[PDB]
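Chemist: Spelled out, the chains give:
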Amino acid sequence: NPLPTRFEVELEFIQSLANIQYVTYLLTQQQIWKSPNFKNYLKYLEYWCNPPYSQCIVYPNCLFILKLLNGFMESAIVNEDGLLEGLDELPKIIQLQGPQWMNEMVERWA
Amino acid sequence: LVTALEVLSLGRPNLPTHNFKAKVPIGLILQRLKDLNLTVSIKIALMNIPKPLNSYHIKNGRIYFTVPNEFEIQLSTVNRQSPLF
Amino acid sequence: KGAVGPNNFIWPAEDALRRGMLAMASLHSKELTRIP
Amino acid sequence: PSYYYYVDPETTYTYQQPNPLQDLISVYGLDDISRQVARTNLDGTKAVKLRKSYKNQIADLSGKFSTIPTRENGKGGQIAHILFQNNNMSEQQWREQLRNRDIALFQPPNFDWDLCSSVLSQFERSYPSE
Amino acid sequence: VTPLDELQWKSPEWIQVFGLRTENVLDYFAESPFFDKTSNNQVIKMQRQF
Amino acid sequence: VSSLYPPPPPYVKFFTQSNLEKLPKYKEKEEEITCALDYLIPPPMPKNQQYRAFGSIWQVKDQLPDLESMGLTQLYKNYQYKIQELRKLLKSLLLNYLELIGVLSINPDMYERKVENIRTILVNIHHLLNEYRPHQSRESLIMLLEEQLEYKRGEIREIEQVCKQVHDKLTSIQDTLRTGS
Amino acid sequence: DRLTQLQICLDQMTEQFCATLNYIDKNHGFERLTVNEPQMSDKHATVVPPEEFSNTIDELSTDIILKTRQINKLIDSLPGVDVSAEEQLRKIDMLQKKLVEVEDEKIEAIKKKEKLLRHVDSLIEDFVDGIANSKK
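Chains as they are written, first to last, in the deposited numbering: chain o, 17 to 126; chain l, 200 to 220, 235 to 298; chain h, 172 to 207; chain m, 11 to 97, 110 to 152; chain a, 3 to 52; chain i, 9 to 37, 55 to 102, 111 to 214; chain n, 3 to 138.
Looking at chain o on its own, in the form it has when it is part of the complex:
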């Protein structure tokens, strides 16, 4: 029973972004959007945009959500205290437009 690999763990996490109940759960925790670690991780996960990494993406709306979440990251500013400013209204956006986004991607499914 092998140990997990970085490719497989990062693939599962990047694909979980299609589940936007899951990113609602992630972005309703105060220690995640405030941390610049998550900002830098979501900027790092842009290697799934390009092939051969993009071939393994089974749920490409995760890539859509990844680009949408990284749209706020260049407008993010980290301060000396570690508070990632400009990110207080992102959970507002996610909780307001979550049902709408998943309804639109279900319509794209149909």
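Calculated from the structure, these hints are not laboratory results.
Calculated cross-link-like contacts (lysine to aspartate or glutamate; reagent style EDC-like; alpha-carbon spacing at most 20 angstroms): (1) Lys124/i <-> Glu17/n; (2) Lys121/i <-> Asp84/n; (3) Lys247/l <-> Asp131/n; (4) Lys72/i <-> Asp87/i; (5) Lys75/n <-> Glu118/i; (6) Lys102/i <-> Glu164/i; (7) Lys220/l <-> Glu120/o; (8) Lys197/i <-> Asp208/i; (9) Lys12/a <-> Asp186/h; (10) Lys59/m <-> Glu39/n; (11) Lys99/n <-> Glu172/i; (12) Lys50/o <-> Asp104/o; (13) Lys113/n <-> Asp123/n; (14) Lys201/h <-> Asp63/i; (15) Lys59/o <-> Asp104/o; (16) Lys115/i <-> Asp84/n; (17) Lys21/i <-> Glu202/h; (18) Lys59/o <-> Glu29/i; (19) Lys172/h <-> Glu123/o; (20) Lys113/n <-> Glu193/i; (21) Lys86/i <-> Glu164/i.
Distance windows between CB atoms, simulated: (22) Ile67/n <-> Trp83/i: 39 to 47 angstroms; (23) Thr21/m <-> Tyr101/i: 13 to 21 angstroms; (24) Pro40/n <-> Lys74/m: 35 to 43 angstroms; (25) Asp18/m <-> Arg71/n: 25 to 33 angstroms.
Ideal Cβ placement from N, Cα and C applies to all residues, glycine included.
Starting from the known structure of chain o, arrange chains l, h, m, a, i and n on it as the hints suggest.
Modeler: Quick look at chains l, h, m, a, i and n alone, frame taken from chain o:
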């Protein structure tokens, strides 16, 4: 093939976007201003002109009806069949 | 189209994330992080 | 000819054993039951309609029987489960203690007839009847 | 600590394996933290298992 | 009694501003991790070319499995042979249904082998369709290119017919100007 | 889409086998092996007239045959049966080259259209300023 092309072209499937993730072409602005000059000039040909209002300056998306040392009023039309504004 | 759901087609569902191996990566986070 | 898949000429199927196309009553010889409790005689006429209760099989006794002993009259009891309970020497020898294995409930101290006589001697006259 | 009156609970492993209908709400609920292990339902479940 | 969703990967703790600023000088100079900045590099593709995700096995270049490899019977295996085999399989399925009705009409106790034959005929039909599926996908791509070409040529035709309408209307005003001259 | 209709037709046609077996198992009746044996039935069995029973059997069989006809015709009209993947790629590259060529054809067609655009632009502007100077 639709989803394959979207992902392998833009890196994203094509979904509606409400937040940042347009741009109006300035050459198109120049072309529309030239044809708007042509539109006001194609409109004023069908209309009679007052004798003191024969001085009209034809540039810059509009027409300059001027009476010297009195006034200069500038007007634009949207199309052929709509009156001037 | 009344007995099939969008649960594991558009996105990975909750049970997919549980039985998936990011979940056990969370448990084995110490072994995955190791630096010599 | 053209071969088609799993259509095998050498594979053969037989009828069911027994065949339900036939009258299995006649196959296993249940004709005696069928003609003994058939609702109609097998010549086109109607047979006699047998009665719902067991008057015909209790009519051959000389007794006080005028009604039907049923479940609902309060005179009978549910003895079905007690009715249904269950438990060198040659074959013959083994069989007389098989015949004698139950006689132990017949003599005293189980069924002392002196005590039976003593309790039956306490009976007085008449019975209260409504 | 999160108090019990303030959380939503589901077991989608149980949903994938057994599936929830009207006949299994009680032993689906038995896996929840809402369920008390010292309850008459669980002890008569052990009695009927015995 | 834990949370519903798994947390983000522990790799998130490595992505700091200092690590990002030391990453490009590291770039100038299933992995053998040598430092903390190796997690800032995207991981390679799987060497086995199989990866595990969501409790399942996936392959980087998936291939259609065979009946023998999955433990079933493949009767028979440039697609005209497959199309005639599909016709033969359809006719065999219809004949097997008729034989199943006959077996049910005389003795419904050897129905198991006939149901098994219908089961394997149907999976053979479906597997032949799945073998033909890449060919139909490539036909769909050809159809996409042909429909793009059709729209392109329709735009050519409409643009040139607008242009020729301009030419002959200018010829008309030229003719009426000659008449009125 | 054509293979999709083929898979749909196979699933529905096997469901037609299932439904035919359902009807023939549930809606049959009772018949005489001999005339002497009694005939009877209950309220729990769907007794049907034998003539329309045979009619429904016949129309179920015609539905099975007709579905087989649609499946056979759909197999015959599956898209692409004689070309191999090499001819598919030899179609793919000529299709992309013709797409590029017709896009270039659109480039010069639009060049001619813009030539006509500025030609009629000059014509109408000369006309309007000439008639405006004449009317003034």
